[PDB]
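Taking the form deposited in one PDB entry, here's one chain by itself in structure tokens.
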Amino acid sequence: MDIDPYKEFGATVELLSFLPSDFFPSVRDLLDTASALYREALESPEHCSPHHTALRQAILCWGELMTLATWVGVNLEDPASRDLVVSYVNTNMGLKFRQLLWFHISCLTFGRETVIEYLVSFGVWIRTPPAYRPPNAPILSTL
């Protein structure tokens, strides 16, 4: 069905399309950030928040995809297809996964209002042509 994984929280794929695809940190970086800030809450038997309830499932999906990639690499004796599949995973599913991880980790760390205002402001910045684009882009911070 047509499910948006953000409108449950107050955003949309059209609002996160302000951020380009080359903007999102790597999956390793984001998973390390999660392990750092919310490992004890993701490994807890509590609905601490919908962000947790969703981030757990996203991490489980990524883990299943990694198991798929290993299984492919070990079973399939066709390096061409092996590489094709692994690259497709790590690129497309990686992009989607890190979009979702960015959104959740940010709305947890900083806040819904702050994150939405940041998306709007970054859209302003990235629509503004370069000749009039300040260099001090918007950068989420607690400082």
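Shifts are known only where both forms have a C-alpha. Definition used throughout: the rigid core is the maximal C-alpha set that superposes within 1.5 Å between two forms. Numbering follows the first chain given and starts at 1. Compared with the form deposited in another entry:
- Lining up the core between these two forms shows that one residue from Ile116, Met93, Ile59, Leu76 moves its Cα 2 Å or more, and that residue is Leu76.
- Once the core is fitted, the segment that moves between these two forms, counting only runs of three or more residues with each CA displaced by at least 2 angstroms, is 73-87 alone.
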Given for the second form:
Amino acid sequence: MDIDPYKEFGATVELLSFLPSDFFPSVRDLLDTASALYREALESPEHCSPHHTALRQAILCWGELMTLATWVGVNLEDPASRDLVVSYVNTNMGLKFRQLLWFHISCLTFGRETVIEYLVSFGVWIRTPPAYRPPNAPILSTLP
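Could the form deposited in another entry be shown next, to go alongside the form deposited in one PDB entry?
Since only the chain itself is given, any partners or molecules it might have are not part of what comes next.
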């Protein structure tokens, strides 16, 4: 099964490649945001939303990958290759799960429409060469 975790909502992994890899907050920051805003809903026994479902599954997935790598890292006595493997983990899995979290937390806080329009506008911005690029980048906000 070649599944895209975003088209079920209205995006794709190539619409989120508009945002660089250095754009997405840390997994810690995003988990803290979730615990702050939607912890009751995530711990709830109800299908509050597909975003909640996917976010629960994503959180559990990350916990499981961390468990595995930690158990492996303790077993390993070589720190060189230990940093190698944790860098692989961070880069690949960490980036995809940072996008997954960002997308869902944002679609919950601001809206899927706003999030997709933001992706488009940020693609425009980051495509625009810097000499003609405004400094006031677009940003998701509930304020003027």
